[PDB]
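Shown below, as structure tokens, is a lone chain in the form deposited without ligand CQJ; questions about how it binds or moves come after it.
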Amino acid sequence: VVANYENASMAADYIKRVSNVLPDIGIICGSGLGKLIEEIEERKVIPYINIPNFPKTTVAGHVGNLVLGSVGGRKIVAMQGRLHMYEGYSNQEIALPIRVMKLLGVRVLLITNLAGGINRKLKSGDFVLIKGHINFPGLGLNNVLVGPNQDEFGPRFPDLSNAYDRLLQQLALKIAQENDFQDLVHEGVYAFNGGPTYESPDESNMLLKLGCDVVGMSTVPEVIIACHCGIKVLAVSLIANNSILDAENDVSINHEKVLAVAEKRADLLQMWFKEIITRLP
């Protein structure tokens, strides 16, 4: 199924008929970072399998729902169960849910992920406000926009220089300062490793040379689809480890360690994103 105007329209029509919510904010949350979704008020849960044209997710399994409702007095739509390109989903499957958000009225998209630290200032449990990216898939002919352009959504050749909104980064930092956790908050450049293997020790060393601050396996595809259709983005990485220190000390990384860092920071991140939503212009 192509992520075109007609197919996105049919999905949006279904959602409007069952939910009654017209959202202007969308959220996509990293693994272990989804508690805010469970606290959406007056919520409507819409399984992906019930939505016309949504991608089939039964091979990977686990949860896959759109959740609409209110947070901090604002109307939101959340993806509960994220689609990642290392799972084998196509460009069209990743793009369709973001283009549905656009047709529903979304103007701002808030994203979190788990990532490895490259910059030597970064420690496990730190946050990074993403200010730019290095898209290895895109340089290598696997950009999320390879294919015919869908002209109703945006231009053939997008400019990404303002993909990460500067005022949203400033608001996130201001809230951290108000609650005395600004010592955990950095800014940086995100390298997209297609995955699903963690970056090797020698890949980490290369990324240091190339000016990358953090590395992960998500986020950039959704940012590009959002920027193409005019949705503003804030993206925040939670640092699971420093891959450069681990390489120098011969220390390993695993998904269990990543999820334990997520559990340690989950409540703080939930409160931070609730306040960002409340305060958005």
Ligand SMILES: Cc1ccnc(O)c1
Contents of the next structure:
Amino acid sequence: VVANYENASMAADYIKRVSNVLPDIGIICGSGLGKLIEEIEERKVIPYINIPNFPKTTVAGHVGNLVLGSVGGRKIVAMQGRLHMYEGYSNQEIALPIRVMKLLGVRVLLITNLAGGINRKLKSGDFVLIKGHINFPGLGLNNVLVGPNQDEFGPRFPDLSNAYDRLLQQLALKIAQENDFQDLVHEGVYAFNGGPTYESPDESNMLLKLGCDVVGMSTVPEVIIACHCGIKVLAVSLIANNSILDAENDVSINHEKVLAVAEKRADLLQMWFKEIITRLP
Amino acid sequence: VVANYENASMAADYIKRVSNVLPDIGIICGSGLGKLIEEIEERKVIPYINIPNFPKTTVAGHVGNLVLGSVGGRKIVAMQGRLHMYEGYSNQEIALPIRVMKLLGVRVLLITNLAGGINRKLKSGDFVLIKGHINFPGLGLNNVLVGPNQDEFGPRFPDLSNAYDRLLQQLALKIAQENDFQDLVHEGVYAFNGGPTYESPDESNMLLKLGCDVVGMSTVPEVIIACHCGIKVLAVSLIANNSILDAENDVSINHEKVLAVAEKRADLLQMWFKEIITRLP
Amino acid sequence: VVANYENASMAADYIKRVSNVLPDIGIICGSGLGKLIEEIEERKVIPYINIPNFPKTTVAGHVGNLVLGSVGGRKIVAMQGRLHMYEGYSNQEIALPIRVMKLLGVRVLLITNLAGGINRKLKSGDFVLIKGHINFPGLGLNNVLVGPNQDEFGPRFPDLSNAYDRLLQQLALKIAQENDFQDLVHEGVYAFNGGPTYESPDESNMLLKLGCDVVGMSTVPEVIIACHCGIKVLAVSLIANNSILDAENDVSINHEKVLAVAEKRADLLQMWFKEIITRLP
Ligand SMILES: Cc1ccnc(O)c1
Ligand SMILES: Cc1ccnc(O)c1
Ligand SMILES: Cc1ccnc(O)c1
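For comparison with the form deposited without ligand CQJ, kindly provide the form solved in complex with ligand CQJ.
Below: every chain and molecule of the assembly, starting with the one above.
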């Protein structure tokens, strides 16, 4: 199923019939960082498998719902269960849920992820406001837009120089200052590793030389589809470890240690993003 | 349809029946840089869709013709409507038209493209004679030769160290000197970005560190198929912008600005390549 | 055919019925470096094409056998005819033979390859003990583990920091010292170029800047599948040329020169790996 105008429209039609919510904000939450979705008010939970033309996700299993409702007086739509390209999903499967968001009325997309630190000033537990990216799949002929262009959504050759909205970064930092946790908040360049193996010690050393501050396996595909169709983006990484320090000390990373960092920062990230949603212009 | 000896032969048979031209020069012209094709003498226009085993191009649409005839007393074949890998074409679809050129008798392939400047001495409107490349799709398992080797055309493991003929570069520069526009002509290393998103500001900064002079989304696949089967190559980029300066000044690139640069330099590029064809040994 | 638990089990069942050997060591030998397989004792040769669920290899042709028997009193299984990703094999086709090795009882995998030298201290004829890697296909969304995870074999997100066993490197070097050829033995970081074109002169210059010591077109996929399922690895490159010196002197590489280096070092590599097998803990 192609992520075209007709197919996205049929999914949006179903959603509008069931939910009655007209959202102008979308959210995609990272691994262990989804608590906010359980606090959406007057909410409606729609399993992906019920929505016409949504991608099949049963091989990977686990949760996959679209959730609509209100936060801070604002109308939102959330993806509960993100699609990752290391699972084997195609370009068309990644793009269709974002283009449905567009047809539903979304103008701002807020994204979180868990990532590895490269810049030496980053520690486990820090947040990074993403200000640009290095898209290794894109350079290597696996960009999320490879294929026919869907002209109704956007141009054949997008410019990404303003993909990460500057005023949204400034609002996120302002709220951290108001609540006295700005000492945790950095800005940086995100490198997209297709995955699913963690960056090796020598890949980490290479990324340091190339000007990368953070590395992870998500986010850049969704940012590109959003920018292509005119949706503004804020993207924030939670740092699980510093991979350069780990290479110097021969220390390993693993999914269990990552998720313990997520649990440590989940409630603060929930409070931060609730206020960001409330304060959006 | 595989780009094998049998299938390429059937396409060449059709072409020979219709055109009567036996070319020894091939040309592939970049976006907005095709005016020379409209001035081929005693010419024959063959739509791709009529040629057995040529790739289907109707999803992308727009022009797609093979044009045979004479320029400067020399017999040539031109591709009018280039195939780009960001459209989703396979390795086999890109390679078959070049291998048909080989079977028709082509010994020299002349290529132009529109590209972004990385080296600080490059301005909008400059030309770059390409002397080597950095093939990010190739390093990343998307080389145009991934698949079975077609032994009749070339070896399993090609050497690319002489892919860009030195004497052809010298002839191009000599002609620019004769017509007093050598101040526009540089040489440089071409980085292949699969695309279709323009290089981001941080990708541009990375490419500067890695020794790239120019970046674009074409040309390297055709060069590799030509080198594999023994065809000599001249490749010239027209620079639309300097992406490093643009990142420093927060200025955007877009397809409209690119095509205005193409129109500005089209007639000079036409005159240059007409003389190159006339003067080839 | 997916490289899952059921399918790997059916291949292992066939092999156990035919060979009676229960190996705990596996070997994969590089191009022109397979002489040791012809000296396996009380051996059993099983063509890939006879084994249920093994990948089809007739388009590429040439030898493809699994060979079981004894070396130095140890029980081994060898792949005679390696599968390379530049031939077009899928992730699932590369992984299934390694996962069959796991089910048969393999705990240690020994690998050799032919590679190009980047570090300036490497000469034609030198050996490199691989201590880490830079996986350009992996960064670019062509990692061998892209797809559903097969949970019975290993975790969704592997850590590769100990993929190249340190004690096995130390044993290999000790044996070289005992036989007075340690002057040929280096250690280094291996860059994976998907291929099949040799690294270009400008790609070589880039790899030097990025901390790569050696470059080649194999080995990293098998290492990752082995590490994922808990198999220890020793990987050794034989250097055919120095690509940085060749770029400075405008000298070419080709398959014929490569194989002459292989013949020059084949008998020493055979003796070295026989002793390594004998001495494994
Ligand atoms: C959380 C973690 C840290 C390391 N690298 C990633 O891709 C993810
Ligand atoms: C003409 C243009 C300039 C920027 N980058 C490209 O790929 C193309
Ligand atoms: C043997 C050789 C030397 C150059 N590069 C490779 O991939 C292989």
